[PDB]
Amino acid sequence: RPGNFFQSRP
Amino acid sequence: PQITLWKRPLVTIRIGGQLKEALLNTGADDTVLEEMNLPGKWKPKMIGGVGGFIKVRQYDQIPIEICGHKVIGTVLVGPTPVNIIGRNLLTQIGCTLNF
Amino acid sequence: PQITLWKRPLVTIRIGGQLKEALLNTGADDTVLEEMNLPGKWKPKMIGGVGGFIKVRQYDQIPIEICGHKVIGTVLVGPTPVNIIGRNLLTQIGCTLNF
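Protein chains in written order, with the working numbering: chain U, 96 to 105; chain D, 162 to 260; chain F, 162 to 260.
Excised from the complex, chain U in its bound form:
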C-alpha cells in the first residue's frame, strides 16, 4: 500500500 498522502493545492 502507498503510505505518504501529502497533498498540495494548485
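Please note: incorrect hints may appear among the correct ones.
Stated by the list, open to error - Restraint-style ranges between C-beta atoms, simulated for each label pair:
(1) F/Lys231 <-> D/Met197: 41 to 47 Å
(2) F/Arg175 <-> D/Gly201: 44 to 50 Å
(3) D/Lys202 <-> F/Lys181: 37 to 43 Å
Unchecked claim - Okay, derived cross-link-like pairs now, SDA-like style, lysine to any residue, Cα gap no bigger than 25 Å in a straight line:
(4) D/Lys231 <-> F/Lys168
(5) D/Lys231 <-> D/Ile176
(6) F/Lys168 <-> D/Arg218
(7) D/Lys206 <-> D/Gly229
(8) D/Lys216 <-> D/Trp203
(9) F/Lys181 <-> F/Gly239
(10) D/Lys231 <-> U/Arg104
(11) D/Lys168 <-> U/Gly98
(12) D/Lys168 <-> F/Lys204
(13) D/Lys204 <-> D/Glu226
(14) F/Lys206 <-> D/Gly209
(15) D/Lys168 <-> F/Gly213
(16) D/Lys168 <-> F/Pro242
(17) F/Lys181 <-> F/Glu196
(18) F/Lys231 <-> F/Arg175
Derived by calculation from the structure, the hints in this document are not laboratory data. C-beta atoms are modelled at their ideal positions from N, C-alpha and C, and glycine is treated no differently.
On the provided structure of chain U, position chains D and F as indicated by the hints.
Below, chains D and F without anything else, positioned relative to chain U:
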C-alpha cells in the same frame, strides 16, 4: 475525541448518502475523494503529492458528515489512493494537532 | 502545544546540526526528508502517495529534534516535494489529533 497516531487516523465519512473511509490528513491542504459522482458545477484543477501530480474536479459547498460533525466545503475528486480529509475541512470540525 | 490547521503545520527540525523546515503530516506513515547526507547504512525503498511512487534511502535510528523534542527513528531521504514528519515520529513527540 482524541486520536492516537500509532495507526492511520481513519474515520467514516458520509457524503451524498454514501459511507466511506477517509484519512484525517494534516499534510493535505485540501480534501480529495476517490473517483465518484457529485452533482452540479465543477472546475478542473491540478494537485500535487509525494509522487507527482494528479488531475481532479473541484466541487464547492458540498455537505459531508465527519465523525458526527456536519461540514460544508470544497471537495476534490480524482485518482487519490485513499480518501483524504485535508485542512480545509479539518478546520471546520475544530481539529488540532496536540503534543 | 495545540497546533491549529489554518495554515500548513510547518515546524523547524534539527538533524545532524542542520536546521530544516518540515510538515507535520498525519497522512504519512513514515518520515521523509529532501536529499541530504546521513551517516550509516541505508536500504533502498519505494514510497507512494498521490501522484505515485518515489525511490528513497532508508536510514535507521537517526536522531532528530522536532519542536524541541529529541526523538530517534527511521528517516527516509529522497525526492519528496517538502520535508515530511510522518506518524513514526509524530507518535514519539506525543502527537494526537483532537476535536
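Check your understanding: So does F/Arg175 sit 44 to 50 Å from D/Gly201, Cβ to Cβ?
Key -> Distance hint for F/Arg175, D/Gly201 holds at roughly 48 Å.
Check your understanding: Do the alpha carbons of D/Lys168 and F/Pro242 lie within 25 Å of each other, as the hint requires?
Key -> Within the cut-off at roughly 24 Å; holds.
Exercise for review: Would you mind confirming whether the straight-line C-alpha gap from D/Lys231 to U/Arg104 stays at or under 25 Å?
Suggested key: The hint holds at about 23 Å.
**Study point:** Straight-line alpha-carbon gap D/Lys206 to D/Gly229, limit 25 Å
**Key:** Violated: D/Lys206 and D/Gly229 sit about 29 Å apart, past 25 Å.
Point to revise | D/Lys168 paired with F/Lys204 [C-alpha distance capped at 25 Å] | key: 24 Å, holds
Practice item. Measure nothing beyond the straight line between the CA atoms of F/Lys231 and F/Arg175; if it is 25 Å or shorter, mark the hint as holding. Key: Given that 25 Å is the threshold and the Cα spacing comes to 9 Å, the pair holds.
Practice item. Could you grab the alpha-carbon distance between D/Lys216 and D/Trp203 and see if it respects the 25 Å cut-off? Key: 13 Å, holds
Review point. Is the Cα-Cα distance between F/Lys206 and D/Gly209 25 Å or less?
Key: Measuring from Cα to Cα gives roughly 21 Å; hence the hint holds.
Review point. Quick one, are D/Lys168 and U/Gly98 close enough, alpha carbons at most 25 Å?
Key: 12 Å, holds
Check your understanding: Is the distance from the Cβ of F/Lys231 to the Cβ of D/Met197 consistent with 41 to 47 Å?
Key -> 44 Å, holds
Exercise for review: Take a quick look at whether D/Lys168 and F/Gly213 sit within 25 Å of each other, Cα to Cα.
Suggested key: With a Cα-Cα distance of about 22 Å, the restraint between D/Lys168 and F/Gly213 holds, given a limit of 25 Å.
Practice item. Kindly confirm whether 37 to 43 Å is satisfied by the beta carbon distance between D/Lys202 and F/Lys181. Key: With a Cβ separation near 41 Å, D/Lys202 and F/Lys181 satisfy 37 to 43 Å, so the hint holds.
The structure shown violates just one earlier hint, number 7.
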